[PDB]
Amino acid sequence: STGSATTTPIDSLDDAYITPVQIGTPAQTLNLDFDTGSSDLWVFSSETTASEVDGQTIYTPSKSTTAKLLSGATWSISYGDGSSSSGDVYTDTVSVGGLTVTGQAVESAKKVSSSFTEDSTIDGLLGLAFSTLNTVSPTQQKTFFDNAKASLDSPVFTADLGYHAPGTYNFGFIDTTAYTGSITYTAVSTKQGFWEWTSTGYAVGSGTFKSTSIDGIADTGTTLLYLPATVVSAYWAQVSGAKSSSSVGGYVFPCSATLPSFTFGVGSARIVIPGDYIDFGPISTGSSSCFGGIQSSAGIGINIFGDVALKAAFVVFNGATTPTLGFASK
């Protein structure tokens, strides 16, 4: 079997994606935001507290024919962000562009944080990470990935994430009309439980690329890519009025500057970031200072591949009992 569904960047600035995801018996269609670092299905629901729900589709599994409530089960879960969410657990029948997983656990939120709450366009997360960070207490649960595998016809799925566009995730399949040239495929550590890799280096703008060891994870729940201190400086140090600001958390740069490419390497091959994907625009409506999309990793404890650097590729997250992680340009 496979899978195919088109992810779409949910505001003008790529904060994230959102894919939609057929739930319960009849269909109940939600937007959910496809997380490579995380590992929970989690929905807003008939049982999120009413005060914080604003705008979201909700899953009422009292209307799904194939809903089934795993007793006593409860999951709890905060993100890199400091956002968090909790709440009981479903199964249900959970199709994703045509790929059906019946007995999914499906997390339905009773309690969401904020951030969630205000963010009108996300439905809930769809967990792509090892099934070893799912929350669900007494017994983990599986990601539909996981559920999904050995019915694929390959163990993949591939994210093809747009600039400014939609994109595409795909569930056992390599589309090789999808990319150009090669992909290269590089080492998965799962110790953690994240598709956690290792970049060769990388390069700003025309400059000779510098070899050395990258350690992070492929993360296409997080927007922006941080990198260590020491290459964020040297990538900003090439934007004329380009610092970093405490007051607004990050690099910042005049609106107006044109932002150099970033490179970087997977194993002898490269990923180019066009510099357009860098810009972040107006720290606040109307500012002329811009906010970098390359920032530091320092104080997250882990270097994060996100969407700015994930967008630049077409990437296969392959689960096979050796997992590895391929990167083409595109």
Given for the second form:
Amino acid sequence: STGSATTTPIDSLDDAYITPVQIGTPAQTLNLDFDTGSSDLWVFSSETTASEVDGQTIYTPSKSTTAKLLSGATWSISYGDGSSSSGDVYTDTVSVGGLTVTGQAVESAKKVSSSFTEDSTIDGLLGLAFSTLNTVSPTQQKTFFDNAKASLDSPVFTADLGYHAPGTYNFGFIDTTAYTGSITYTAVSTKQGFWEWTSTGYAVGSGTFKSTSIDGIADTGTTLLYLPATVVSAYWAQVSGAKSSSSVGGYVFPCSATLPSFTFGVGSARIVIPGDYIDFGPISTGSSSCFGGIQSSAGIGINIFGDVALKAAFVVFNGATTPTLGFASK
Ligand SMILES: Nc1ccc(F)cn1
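What would the structure be for the form deposited with 5-fluoranylpyridin-2-amine bound, rather than the form solved without 5-fluoranylpyridin-2-amine?
Full assembly next; the chain just shown is listed first.
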């Protein structure tokens, strides 16, 4: 089998991407944030504290003839932005773009933190990291991809995120029309539960490529590109007026600037992020100071190839016996 679904930026800055997902019988369609950095499929629900729901579409398990409560199971997750959610668990039928998993664990939120409530466009998350990170207790549950993998034509899922435009998540096949050149595959460590790989280096704009190993994760659920302080300083040094702002929480730059591209290495291959992809707009409404899309990982403990990086590429999440990651230009 295969599946294919369109993924769309939630706003004019590509702050995140949502993909429609059918849950239950009859289907209930929720727009979920596909997150290769986490491993829980959780949704806003009929059980979510009312004051914490503000415009999201909810899953109502009592209206699904295929929903079954997973007895005694609870879940609780926290993310790198300080947000969190928790609740109980059902199993139900989940479909993405034509691909169906029966008995998928659907984590129903009883509580969500303020940043989830305040985002009316995201009805939940669909985790696509490794199932070892799933938070369900006392019996850990598998991701949608892990459950579907054996049925797929090929044990892969691909991310083709758009810049200011729709894109595609495919399951079970590689669309060879969706990229230029070839796909370069690179090794993955699953030991932290992430799609953790090692970039071979970087360049800023038209500058010299620096060969240097940068261990990091391919994370569709993180908006920005988080890299070592040395790399980030080298990038922003090329932008007149750019500075690291403690008050704002990262590098800012004049909104009047035209940004240089940023290249990262995948083996001997190169992915070029156009400069415009690095502009995240005014720091506050009407400001002429703009927030940068490349930020230091120093206060994080891991480098993160988030959407800024991934949207410049066609990315293969290869769940073969030995998982790997593939990147192509597009
Ligand atoms: N980096 C993040 C932040 C929030 C979330 F839900 C997932 N990933």
